[PDB]
Structure formats: structure tokens, C-alpha cells
Amino acid sequence: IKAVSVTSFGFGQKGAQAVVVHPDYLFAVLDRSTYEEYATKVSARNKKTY
Amino acid sequence: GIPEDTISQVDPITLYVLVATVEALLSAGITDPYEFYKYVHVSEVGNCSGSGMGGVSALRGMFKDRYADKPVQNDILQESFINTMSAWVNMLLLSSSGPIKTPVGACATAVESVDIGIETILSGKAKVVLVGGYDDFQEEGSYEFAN
Amino acid sequence: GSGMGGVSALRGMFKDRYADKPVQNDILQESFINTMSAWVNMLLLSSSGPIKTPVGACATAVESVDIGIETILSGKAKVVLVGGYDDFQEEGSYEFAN
Amino acid sequence: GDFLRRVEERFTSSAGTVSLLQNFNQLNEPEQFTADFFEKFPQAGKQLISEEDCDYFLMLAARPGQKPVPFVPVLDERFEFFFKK
Amino acid sequence: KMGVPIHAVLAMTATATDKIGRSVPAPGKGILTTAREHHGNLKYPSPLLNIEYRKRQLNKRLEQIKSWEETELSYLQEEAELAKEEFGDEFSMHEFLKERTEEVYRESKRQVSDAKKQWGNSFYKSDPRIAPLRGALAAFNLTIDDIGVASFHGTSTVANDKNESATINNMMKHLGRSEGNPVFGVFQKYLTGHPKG
Amino acid sequence: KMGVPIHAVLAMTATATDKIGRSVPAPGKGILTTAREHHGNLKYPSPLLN
Amino acid sequence: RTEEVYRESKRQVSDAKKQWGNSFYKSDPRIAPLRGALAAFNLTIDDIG
Amino acid sequence: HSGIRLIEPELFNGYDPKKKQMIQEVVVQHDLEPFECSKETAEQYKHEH
Amino acid sequence: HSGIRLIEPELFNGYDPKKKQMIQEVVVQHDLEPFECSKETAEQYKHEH
Amino acid sequence: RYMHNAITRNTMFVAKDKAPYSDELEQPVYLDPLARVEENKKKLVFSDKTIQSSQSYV
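Just so you know, the protein sequences line up as chains W, C, B, A, S, P, F, U, D and Y, in that order. 50 is the number that my numbering gives the last residue of the first sequence; the numbers go up by one with no jumps. 1147 is the number that my numbering gives the last residue of the second sequence; the numbers go up by one with no jumps. 2098 is the number that my numbering gives the last residue of the third sequence; the numbers go up by one with no jumps. 3085 is the number that my numbering gives the last residue of the fourth sequence; the numbers go up by one with no jumps. 4197 is the number that my numbering gives the last residue of the fifth sequence; the numbers go up by one with no jumps. 5050 is the number that my numbering gives the last residue of the sixth sequence; the numbers go up by one with no jumps. 6049 is the number that my numbering gives the last residue of the seventh sequence; the numbers go up by one with no jumps. 7049 is the number that my numbering gives the last residue of the eighth sequence; the numbers go up by one with no jumps. 8049 is the number that my numbering gives the last residue of the ninth sequence; the numbers go up by one with no jumps. 9058 is the number that my numbering gives the last residue of the tenth sequence; the numbers go up by one with no jumps.
Don't read these hints as lab results, they were simulated from the structure. Among these hints, one or two may not hold up.
[To be verified] Using C-beta positions, here's what the derived DEER-type ranges look like:
id, chain 1, residue 1, chain 2, residue 2, range
1, P, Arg5022, W, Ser43, 31 to 41 Å
2, P, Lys5029, Y, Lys9042, 49 to 59 Å
3, Y, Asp9017, S, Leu4058, 42 to 52 Å
4, A, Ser3050, D, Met8022, 47 to 57 Å
5, D, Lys8018, U, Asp7016, 29 to 39 Å
6, A, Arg3010, D, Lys8018, 27 to 37 Å
7, C, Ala1024, F, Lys6017, 40 to 50 Å
8, P, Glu5037, D, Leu8006, 53 to 63 Å
Even for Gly, the Cβ is constructed at its ideal location relative to N, Cα and C.
Kindly produce the complete structure, drawing on both the sequences and the hints.
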């Protein structure tokens, strides 16, 4: 799924809408080295959180 | 000039917010709210105001009054809110569609609303935004501040 | 921020004290809506970033996200908790019914 | 062997299948047995030891009637209990 | 930089006040305004949607910025001896430069990020021809045809369940969803209930 | 452009959370952070103020 | 497309202006917010009356 | 009659700080005199007592 | 015991929707039996009745 | 002028009854960021000539 909409309505006519695009399209703005280096730290954090 | 109907319905604090808003726009040289829509789109006239604990007169109604089963307005809970004031403002004056938000900083709530107003406007989300605070003094609030 | 959070304490200060049931003295500090994020900062973050508190009672957890974005993109903050919360209780249910 | 019994017990799910460890006498040369065994369980090479499988490990390391462990696994009030015995 | 799990990317978010009325509980279609735009004549389509146009613009602005920065670093030599005689008789050509050079770096970095956010992040903020809900995605070279789901508010009430669908249909219509590419409706309130806040 | 009375110009505005505690009613000096800055060495004053 | 050029030039104009006069301090530690806020108006901290 | 003054009850629906009202949980010790009431009110009384 | 279900009172301090409690404004018609109470409680009763 | 008139006649606040747009125009305004109110009959109302007009993009 590319992106998801989230609309929610409230009393007194305060409605709102969010849109959540897939994380992947973010990672493609940045070069290789940064992505790979971020991946390592993520892995480490993952084990630590586990 | 608030019509007697609305007077009879809504929480007293809403009266205060309306009578404030009208002459605020007046102080801005605005006679009728719609004048904004001559220079800005409807979705760009927000209202980032909000109370600290507004509606106490209706919270009383729904909590301590109904328990006594005193004759109480049926839909009181729609006024017990805190965004319900800006609701009435938009319903009766602006009829706009700009960003409504509603801060609650109970004591320091009218200043944080201004921060919200700025993060709103500079974002381009809105070009005009009402911003302020309001609250009402009543019994159950005073007793607990005392204790 | 909540939609009407603290109903358990609003009950305490409005319908309970009128009965003079034994009630915590400082209940009113929890009846608020920013009092939740207060406890969050007091117990976890001890930070000093921008606290705000929206109330969109039904659509309140999404507007909080808009606030979060207008906050972050403004550079006012680099991390911000954003969400909603609310509690179901009696006096709230009866009036939704009516 | 009783530890590998918990490893496979962990990394399997609703199987009711055969255990790769039927007789502990297979362990008389583990060097190759375990090496080939971790193929039926690849991610156990990358998922960390879980805690419930860690405290169990310790509980093994001090079971009665067994020769005491030739190393020290932790630093707790039982430090000498692992250090001197 | 912390190395945390990026679970999502909040592209767009807005809110709105519906329309003048006399009943708070009744909702309205105010949130539609996140997608309103301008459709008078499309003979000249807005070149700002073509990602390569913005790409080459960003490029040529970045070369300008880096040339500016390399020029100012040269300026900083002369500026030192032209402004150190007049603050202290001693010449801290070491620390004065190691201060003002890195300040040059930061003030170049800000222009870099500003050009980037002007051409890719929020290049649409001042244009009527780009509805917000489109430009939000179009930052990621996405089409309105790619909002997969629409997590509906869906409070199982009479007016809400129709109004929400009305807004979604109308806004996907105005943005020109490819016909026959509907978004799916998920309705967690069936399972979790409605957590009023 | 509307021609309204500009009564003021809100230059700055911020808010802050004070510090970890166990009492909501007691305030703190969190709002101070609107003025914190860096004072290590001023031989090269920031040219950006001029 | 000419008038679109006009608008996309106007945005860069206003962005440069807000980068150099409005919020030129937003990314700098050496400029405390409460100072830079005024300093936008060529004001000194000595002027909060 | 304007500004900080002693609270005037007619602005607050008879809220008289001198006579703030409260209800006291009290257990009866002798059955009261039977009083007439409505049908469903009697039913609710029975169901809740 | 999870998800949308009938409300279980032990999660809500005895809130039993079948027996939602209410108090009824009722005027006495025959003086009750005199009961003992505390000093200031008696004083408050007198002042408020 | 307005303030004097109002403070004399107790009509400082005039409650609006109908929105600037008409029900048939309440949506088309929402989608056009350039459609704005024009004035007639001493009233500021939305029209159709203002919605998605071809001249508001010169």
C-alpha cells in the first residue's frame, strides 16, 4: 500500500484528515551510505529493545 | 444583541466568548465577518482559541444536577466541552472552514493559544485566526481551588 | 490531549463532594485535560519542550497531529509526543444517551 | 542437550513434529551436529537469547546433582556459588 | 540519526470548520477543503508537478548556493584583517576564522535545506492549482491514485456514515482519481468501539 | 491589505514543560529556555546580528 | 506559464526574505530565541520595556 | 458593583458562599410516613431500595 | 472478557447500568425520628435547613 | 458609525443565519482556493460566477 487516509469528525464541526505515506518512499530520498548506516543502528536498537 | 434563543440554550461562558469576539472583530475594523472572504478563501479563517475548563455550568448540569434529577436541558453535554465555544463562534459569525484547534493550558492557556495561532499562520494553514481564552467561575470550581 | 479526560475526577468534584463522600483533596488537578501530559513529563521525560493540549473531543487525536507538525516544522521542537486519550464513565454515557 | 531442547521448543510453533534431538547420545560430537542443526533454525543464529530462555539457562547451570558449570554466567549473590565450587 | 524505526511518514494533515448552523452534533463537509483547487483552463499544465523540472531547479539553485559559499569563504580572509584591528589589538586569525568559517557552513546549510524544502517539501504551499492533498503526495512523486485506503471515522451513526463517504467521494472526484480505482473503507469502530476522545 | 488597525506585532511566543516532579501545582523555570544560548568564546561575534 | 513563473519567483523572494530577516536565527545556538525575535526588527534585548 | 467584590448570589443561581449546600449520607432508623408518588417513580424507588 | 461487551460493573466502581442511581427531590410530610449526630454536623444541618 | 449605531440599538452582535455560500455552492467553493465572495443587495454572498472562474488566474 502506498498511502492511507485518516479522516475523523468531531462535535462542533472540527473535523480533520491525515495522510500516511509508506516509509519506503522516504528512504529513497537519501543516498546509499546513509541508508545502510541507518540500517545497522536500527538493527542494534532492535535487539536492545527486544 | 444575542438572540434570546441562544441565551436560553448555551452555557453562560459562550455568551462571554461571543460578546468578546464581536467587538474584537469590531476593534479590527471588521463590521461583518464575511468581509474576510473578500480577500481570503473560506478555508483560511480559523479559530485557535479555547478555554481552561470552560462549560463548568454544564458540567455541573450533567454531573451534580442530573444525579438530583432536576429539570435539565437534554443536550447539555454538547456545551460542557471546550471546543464547543469556538464551535458556536463559527456557527454564528464566521461560518468558515479554517483550522479549528483548541488548547487547554488551564492557567496559561491564552498564551499557548497564541503560539498555536502563529504555528498555524506561518505554516500557511490559515491567513486569519481567532485566538484567545475564556473561562467561567462557578461554585464547584471555587470549592476545590479552596481545598 | 484528551477530549474530555478526567471524567472520573470531574465526577469527584461535582457529584461526589455534593454528597460529601470521602474524596481526595486535590482532585481538581487531575480533572484537567493537560494534566495527563503533565504526568507524562513529570514521570518520564522531565523535559521542557512545547507542551500544548488540543481538544477536538471526537476528532481530537488527529488535530493533535496537525499541532505536532506545525510544531516540528516550525523548529519549535524536534520530538513531540502526540496522541489522544479518554475514559468512559457513567455521567458521560447517560448524556450521550439523552 | 536439555538447552537445545528449549531452543527448538522456542523457534518452532504448533508443530507436534519430531525433535532433531531424540537421544542425547547424538551429542557425543556436537561440533558438526549443532552446526547442521542450526540450518533447521536459521534465525536462532540472529535472534538474541530471550530472557525466559536465559533465566532457564541459569536454572540449568545450577541444577542439583550435576557437575558444576566450568564457567561463570552471571554476577549475582551466587557469584562464589559459581566461582569456587 | 538516532536510528529509530521509521514506521510512517505523515505527509498531510489539516482540520476545518464546517459551515454556519444551529446544531453542534450535525457534521459537515468542511474537511473537503484539503483538496479544493483551480480548474479553469489546463492548456498550460502547471510545470511544478513534473518532478524532473523541480529536480533541475533544485540542482541549479544548489550550484548557486555552493558558489556563494565558496565565494564567502574567500571573503572571510579579507574580512578578518578588516575587522580584527578594530576589536582587539591581537589578531586571533586562528579562532576568529575557526568561528566565522563554521558559521558560514551553518548559514550555507540553512539555505541548502531551504531550497530543498522550497522545491520538494512544500513547493505547493502558495499555489491554488495544486490542491493540498495532491501536492502532499506529489512531494514523493506520488499520484492521488495511490491513496490506498481511507480509514473512516465511521461511528455507525446515521449522518456520519453518509457524510464521510460523501466527502471522500467528492474529494477523490475533484482530484481526478482514475475512474474505477476506489479507496477501501476500514472501520475499526466496529471492533474497538468509539473511543470518544 | 484589508486596511485593518495593526495594534501589535507578536514577535516571539513559546511554551515549555518545567522539570520532573511529584506535584502539579508547583511551577518551575522551564519557560527560561526561550533565552538559552551559547557563550563559549566571543572573539568572533556572530556576523548574523549585524 | 509566465504568470506561474511570476508566482514561483515571488515565493523564492519571500523565502529569501524570511530566511534573512524573519527567522534567520532558527537554526543557530548562538542566538537565543528571545533575542533574535527582536533582532529581526534591529532591536536589542535592552528594549523589552 | 464591578471588579473584585464579595460574590453576589444572583449572578450564580443562588450560590450563597455563606450557605454552600451539601447532602449528607444518613441511615434512617425509623420508617417514615408513607407518602404518595407516581407509578414509575414508585417502581424506581423499589428497584433502587 | 475483551472488546465490545456488556458493561461489567467492577470496572466502574459499581456502576450498574441496570440500577443507575439517582436522588429524588422529595418534601417530607411528617417529622422524622430524632437521630443523634455530631456537633458541627448538627450546626450545618440547622444553618442549611 | 457601526459602533455608534449598535451601542444605541443593542445590535452589536448580529447573528448570521445563512452561510455566504448556498447549499448548491457549499461544495464547489470548498474545492476552489480562489472563489471568493462578491457583494450585492448590501450582502456579501457567494455566487456561481466566482466559483472555478476562468479569470481568477491572470
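How the hints compare with the structure:
no.: 1; hint: P:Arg5022 / W:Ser43: 31 to 41 Å; in the structure: holds, 38 Å
no.: 2; hint: P:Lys5029 / Y:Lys9042: 49 to 59 Å; in the structure: holds, 56 Å
no.: 3; hint: Y:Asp9017 / S:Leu4058: 42 to 52 Å; in the structure: holds, 50 Å
no.: 4; hint: A:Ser3050 / D:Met8022: 47 to 57 Å; in the structure: holds, 54 Å
no.: 5; hint: D:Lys8018 / U:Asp7016: 29 to 39 Å; in the structure: holds, 38 Å
no.: 6; hint: A:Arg3010 / D:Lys8018: 27 to 37 Å; in the structure: violated, 47 Å
no.: 7; hint: C:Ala1024 / F:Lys6017: 40 to 50 Å; in the structure: violated, 30 Å
no.: 8; hint: P:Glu5037 / D:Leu8006: 53 to 63 Å; in the structure: holds, 59 Å
In summary, the structure is inconsistent with hints 6, 7 from the numbered list given earlier, while agreeing with the others.
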